[PDB]
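Given next, in structure tokens, is a single chain: the form deposited without the partner chain.
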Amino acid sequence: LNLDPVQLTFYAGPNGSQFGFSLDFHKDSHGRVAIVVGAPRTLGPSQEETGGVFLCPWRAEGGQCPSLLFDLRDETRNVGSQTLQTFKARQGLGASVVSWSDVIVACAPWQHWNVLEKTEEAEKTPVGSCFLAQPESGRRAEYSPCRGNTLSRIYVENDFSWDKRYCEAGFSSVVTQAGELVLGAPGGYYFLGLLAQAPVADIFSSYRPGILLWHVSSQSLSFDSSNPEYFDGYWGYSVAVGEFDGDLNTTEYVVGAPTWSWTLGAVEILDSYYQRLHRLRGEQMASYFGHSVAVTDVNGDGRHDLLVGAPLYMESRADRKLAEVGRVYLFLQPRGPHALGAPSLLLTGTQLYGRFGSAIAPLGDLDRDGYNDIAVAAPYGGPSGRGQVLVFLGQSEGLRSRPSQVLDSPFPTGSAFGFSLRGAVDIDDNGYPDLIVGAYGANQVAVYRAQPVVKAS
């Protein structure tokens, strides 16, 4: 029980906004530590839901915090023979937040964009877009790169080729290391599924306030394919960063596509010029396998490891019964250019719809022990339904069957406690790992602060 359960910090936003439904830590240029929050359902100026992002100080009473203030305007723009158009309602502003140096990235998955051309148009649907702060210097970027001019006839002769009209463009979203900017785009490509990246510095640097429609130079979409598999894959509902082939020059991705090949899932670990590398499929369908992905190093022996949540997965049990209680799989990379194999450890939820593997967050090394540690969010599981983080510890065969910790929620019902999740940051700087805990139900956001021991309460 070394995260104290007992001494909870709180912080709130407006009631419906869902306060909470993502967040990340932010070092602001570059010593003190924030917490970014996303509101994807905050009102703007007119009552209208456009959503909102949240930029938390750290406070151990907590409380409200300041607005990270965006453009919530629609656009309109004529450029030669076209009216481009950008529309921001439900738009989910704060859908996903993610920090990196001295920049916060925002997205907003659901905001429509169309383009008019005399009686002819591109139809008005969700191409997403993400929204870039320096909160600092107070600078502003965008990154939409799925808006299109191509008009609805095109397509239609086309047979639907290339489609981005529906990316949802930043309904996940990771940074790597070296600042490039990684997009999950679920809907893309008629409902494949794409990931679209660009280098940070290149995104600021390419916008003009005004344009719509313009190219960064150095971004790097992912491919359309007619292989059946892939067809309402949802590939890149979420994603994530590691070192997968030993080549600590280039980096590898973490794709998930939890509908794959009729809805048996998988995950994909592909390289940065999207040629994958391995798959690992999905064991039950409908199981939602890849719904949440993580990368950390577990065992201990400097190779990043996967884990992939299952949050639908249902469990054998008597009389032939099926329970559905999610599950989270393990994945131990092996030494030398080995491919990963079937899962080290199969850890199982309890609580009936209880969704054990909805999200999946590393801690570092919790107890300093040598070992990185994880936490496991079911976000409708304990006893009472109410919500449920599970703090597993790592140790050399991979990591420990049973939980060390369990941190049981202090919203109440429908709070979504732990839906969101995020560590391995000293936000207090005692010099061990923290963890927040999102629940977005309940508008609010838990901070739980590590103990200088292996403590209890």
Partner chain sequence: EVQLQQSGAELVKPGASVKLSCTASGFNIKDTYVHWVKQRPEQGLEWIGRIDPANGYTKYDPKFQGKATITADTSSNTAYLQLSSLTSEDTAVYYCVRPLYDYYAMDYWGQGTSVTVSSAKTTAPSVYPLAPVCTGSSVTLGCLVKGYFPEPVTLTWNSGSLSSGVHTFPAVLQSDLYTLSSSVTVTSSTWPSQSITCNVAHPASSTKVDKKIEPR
The other form holds:
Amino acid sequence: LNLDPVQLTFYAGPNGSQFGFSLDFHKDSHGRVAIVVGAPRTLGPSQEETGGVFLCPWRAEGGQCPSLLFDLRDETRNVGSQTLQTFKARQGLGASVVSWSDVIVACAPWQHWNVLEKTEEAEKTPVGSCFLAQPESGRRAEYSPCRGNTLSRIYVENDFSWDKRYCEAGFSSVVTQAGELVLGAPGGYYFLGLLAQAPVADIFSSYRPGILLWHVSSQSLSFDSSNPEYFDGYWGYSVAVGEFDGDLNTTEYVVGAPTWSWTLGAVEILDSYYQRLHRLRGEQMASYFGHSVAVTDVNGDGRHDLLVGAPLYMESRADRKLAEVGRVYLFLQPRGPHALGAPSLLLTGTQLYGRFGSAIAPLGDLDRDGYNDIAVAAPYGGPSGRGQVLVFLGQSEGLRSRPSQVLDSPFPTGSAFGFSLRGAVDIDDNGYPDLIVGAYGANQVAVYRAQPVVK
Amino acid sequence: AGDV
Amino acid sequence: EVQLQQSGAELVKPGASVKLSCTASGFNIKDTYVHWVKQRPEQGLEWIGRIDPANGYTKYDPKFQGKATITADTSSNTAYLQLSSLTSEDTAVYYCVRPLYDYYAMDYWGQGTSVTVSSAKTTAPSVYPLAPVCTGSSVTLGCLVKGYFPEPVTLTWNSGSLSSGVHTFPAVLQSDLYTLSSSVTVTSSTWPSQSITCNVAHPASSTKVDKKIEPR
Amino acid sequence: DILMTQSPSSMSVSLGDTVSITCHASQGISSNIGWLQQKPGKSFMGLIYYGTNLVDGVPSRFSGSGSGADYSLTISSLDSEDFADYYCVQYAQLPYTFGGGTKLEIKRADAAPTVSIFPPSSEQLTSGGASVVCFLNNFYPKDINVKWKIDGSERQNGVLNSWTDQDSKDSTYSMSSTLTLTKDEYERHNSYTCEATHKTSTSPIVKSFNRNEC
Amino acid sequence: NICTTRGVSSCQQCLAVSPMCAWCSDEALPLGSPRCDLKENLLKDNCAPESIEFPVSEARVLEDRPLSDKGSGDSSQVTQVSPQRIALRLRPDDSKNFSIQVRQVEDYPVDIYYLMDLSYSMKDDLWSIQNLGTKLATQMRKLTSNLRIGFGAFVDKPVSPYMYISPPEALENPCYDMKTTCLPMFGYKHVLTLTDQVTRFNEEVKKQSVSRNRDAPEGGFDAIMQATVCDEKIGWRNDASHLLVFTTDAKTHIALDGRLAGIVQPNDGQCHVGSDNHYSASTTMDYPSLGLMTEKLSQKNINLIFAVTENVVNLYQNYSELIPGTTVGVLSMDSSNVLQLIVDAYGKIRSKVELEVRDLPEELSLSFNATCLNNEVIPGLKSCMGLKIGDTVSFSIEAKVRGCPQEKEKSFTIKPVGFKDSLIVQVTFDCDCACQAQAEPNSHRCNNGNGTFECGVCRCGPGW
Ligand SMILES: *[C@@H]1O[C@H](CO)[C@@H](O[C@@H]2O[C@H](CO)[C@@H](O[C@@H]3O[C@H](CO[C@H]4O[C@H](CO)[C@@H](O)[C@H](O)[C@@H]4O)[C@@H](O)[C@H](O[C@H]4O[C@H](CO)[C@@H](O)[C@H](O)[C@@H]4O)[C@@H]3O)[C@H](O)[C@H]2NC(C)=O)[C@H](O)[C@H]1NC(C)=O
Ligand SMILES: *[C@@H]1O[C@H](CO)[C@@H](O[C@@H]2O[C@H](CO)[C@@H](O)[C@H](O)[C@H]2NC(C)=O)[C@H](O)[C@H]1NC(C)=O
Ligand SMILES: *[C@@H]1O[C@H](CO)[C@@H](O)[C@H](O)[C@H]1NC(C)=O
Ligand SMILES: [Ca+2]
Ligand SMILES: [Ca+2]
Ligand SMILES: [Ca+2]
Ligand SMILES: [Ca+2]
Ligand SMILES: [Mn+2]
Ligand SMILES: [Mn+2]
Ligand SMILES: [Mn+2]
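Since the structure above is the form deposited without the partner chain, I would like to see how the form deposited with the partner chain bound looks, so please show that one next.
Below is the whole assembly, all chains and molecules, this chain first.
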């Protein structure tokens, strides 16, 4: 409703770096809000794509940003009559970024790993890895829970059980208020998908450079499965947290699985022990139901509600014809211990191939009416196909069925405007929560400031 | 299993 | 807190088999590798092998292949070390080890399990008083605990009354039987003026003999 | 198998000193080394892992260093508890191999031993055996040599020695030598002696006695 | 009647009242006579026959070629729709009826491009193509006298994690870690352009061998796109039934799956198969969505056929419902007959005739009465089912115009789905009178130059 579309701010990064693939706000020890941006195709030392991270200070005129430096050198350790290897080439550092406290967590989902023992090997596979940083202090740490030293032969003898070689840890990420990092690994357990959690404080204290394989005893990974419904489901394509069990001492996890049950798609709510409390099945096959998940209380009853995006949903139209436009599902949490029923609201896109629902960002309370609001991206929507971000306002009955404001893309075609969103933070300190929108196709980020309501 |  | 409670001391005969255990406390045995280390006074420390309790795979030093056999049970959260066809050279203290963070490190250690291999049956000690020869400012007496098995024995003077100024030496094994001695020093005006008694106890045989030091 | 040459085997030092133990490998191990501590009569405790990283809970006065095939553990300002055994261990290759070991002993002024010989007992003699005991108590340094003599001639068969760890509040060592003979053989000779050789006295300390005499 | 009681002002307003109203432009008309009345009433008042303005909604044909009996031969001069063009004329709020006939012609040319999964899992399914070329024409020869067949192969995107990238020998031989040998990994490769030489099929097949990738889902949708949009390469014929046979024994990758390889770029729907006959965008462009695939299959008029094994028949039967026109067959070892499947599928394809309307104005609204089987009328229906090659059906059509539009000349199309021929309807909205051409602007009869005299009455001129 009250996002300023006239006077935007623009940050930018190197060409072909996909600057803006992922972003998030970041407050320092003194509360100064900045913007962390991930550029997963930034050039490294060998003039090769490795990714990179930038920490943009707040400036109404935007501009260039300084780099948040991480080690980009490949590592090798000969230990235990074995040889450990890390390959950061095309790792995609910055394909996801998230902030918690004064710490930044940037991840390289496609960092490769291999172990050599004589003529055998573990296979060169993308286990993924995340890089943690405390900018003010300069502290650094890593976290790669899917690295292993098991040889290829062993996996064959065991029928490829608990195979964490293709995890891609960091594909998605989130951190609880308590400080528990939770990584999505949609390739873990032979493309079933796993989760991996660990306290940030324990990641830092248990990490040392050059070890490559170290233990984080406080960590906790999810479990393999024999059920074909989970085969090739990419469990962990998207991840979020919230409260869905009444008990406040516990934190519940939300996991997206856009290809669960033969490309039907599903989202599952779990406890911190990965025990499923509920499951939300897709409505249409290959709609990628679960591509994005958002958690926010939209009706102001204090109970977190759930939002799921199916960007490839094909709406039914006249003459028995389907039209890929996308869709978003709203699930309002019921009072006390009860199951999330059918969706309370169905928001469907309009632009063909627009991919409505590819991203869903909680905005907080934008118009300051008491109800929290959201933004839904259609990175290829709008009459031009350049992109669009639609704002939907909260009400006692859930969400408004029509958007209050539509942000058209200020970038050229193919910018993927809206592929990454983030809101519910007041960066200019005007008392209103603002919205940052990424456009990796144009290597830029657009900041929309919220202003007092005109009406 | 995979491609089998 | 991480702690490794190993089994109690073992006493067996040559040719038999023993199975030590290493229970995990404060964590899951399945977390990391579990190594076994042998320690002897002269030979020193030797690495037996390791096991991955999650999958059961093991690695051994070729010096112990056949003799040592490491296993683990995630249910009981315990790791085991079996030693078959025991001999005298297998008389050593065995520790179970795990790393802290580095997968391949050796950081946390159990208290250790003492193993003694001997055919010697339970034997009571033969205590002998040691009086000097037929003068100086200070005198030195002694006691001799000879021929006993198995260890240990608690030696005291005057039922623990005399503590300071005493040197009890470690036990030594000969002919499958232990031997021990203990000295004591006082002034000339203390002996034979004040009566001194050697007090030795062998819980194994349930015997406790006392011998008063008599001059010559 | 990688050999771990640890040195020195032992060193006598005082509190507050700064000492450095070394450890040489038969080949490069690239910091794949750990350092251990074994307090007397107790189990092991980890100090360092991967060359330099301290184990959680270890004082900061401990510090590792080195590279390639030569590494060093250093203790700045020794403490009363730091007097113990220390071992290096490599895990660059299976099988893991340990170093010889290094014992940190308390240093003090030299001291000669108080020798004391003891003929067999009446009870032992009536049993059919004879054991002569020679106590060498309270001396420093530990390096000492005992020599038994029957009728002046040296004897080496049937001797059992036993040393004590460095005493607590005086930092001295002690020793117990025991020559064991049969009753019949013990009576074939008259004179018995145990000679002690310490750096204190150039001439060995001697104490003897004669059978059938007092 | 309504023509008079409405009290119209002009000839244009009169005809707009009702299709049955007429206008008399006669000068010598009684003063009190309503000019807007029934054609019978006007003539009863001695109105000059030529002064009557009474348009009639008609519908005469322009092109009425006869339905061809045999689709064979000819220079694609086959007619399967009749009539092909008709001139339609309507007046305000009127409606006229017309009919159309469609025939499923016998002996129509057929193209069959075989898209073959050649992942390692397809070892135990290669039995089905070993000699397909010869046995496929023999059975097809009865249905069509002009067959052409082609072959293409796919596996998956040659990029980690789908592809084994270690050891270095695994790139040249994905089966390195095993005891055997197999081809390097490839996304999609064209093998044999559509040709009438069947022996070229079997000999190309015999030289094919499998490859090997890591994950069970295979990038076959990339191959469906390229096999559709690369017209000149595959060689589809402008006048021929296009059959695209998709063969696999596993699940399939879908749009947005490529992100596990770092591929985020949407599928552009363009051809990217060059001279090397390989798909070049495999490692840089995501898989195509079901909507995009539907767009190109309908554009290029391709009929997709899922010839899959029974362990995924339910999967591709559910996809078949999201891609109208698709058919599925079981690739087992027990059925009517495997790859007679293609024959049964071809019959299933030509067993339906669904009409489709294009470029219909907002004002017109059509209604259909279907006549399938033997003269069995079915009101409110524009599709037939359960048909056989050679059959013929017909549909009666009624166009109901709503008001009179601004543009008086429009034209729309009625075409059966998949068919080449079509019925073109040229509409003409007759809501004007011929007397309006001879109007007298600034006439002396009308308010002394302040009006216009047309069709008998005085109209208020422009600007008033
Ligand atoms: C391809 O597409 C088909 C068509 O949708 C899928 O088929 C369905 O699969 C779903 C899930 O397995 C089935 O779901 C359930 O319906 C049951 C009721 O079914 C009755 O009625 C139908 C009507 O035709 C009959 O065919 C059927 O035999 C039954 O008699 C419910 O009992 C089930 O409920 C329980 O499970 C659900 C989880 O889904 C819980 O949420 C519920 O609370 C409850 O515990 C369930 O709702 C569906 O019936 C199937 N339909 C048909 C026609 O088969 C295929 O699965 C799909 N396959 C692939 C590979 O894509
Ligand atoms: C489709 O069929 C319906 C019903 O069979 C037709 O409706 C009839 O047309 C006759 C023509 O004389 C009228 O008398 C009837 O009143 C109509 N029925 C109704 C319900 O109004 C219709 O004309 C047919 N349409 C086509 C295009 O064939
Ligand atoms: C229109 O309908 C009538 C009967 O309703 C029929 O006689 C005529 O043939 C139909 N089609 C025309 C006139 O084109
Ligand atoms: Ca909770
Ligand atoms: Ca709520
Ligand atoms: Ca609001
Ligand atoms: Ca603001
Ligand atoms: Mn396959
Ligand atoms: Mn197969
Ligand atoms: Mn595959």
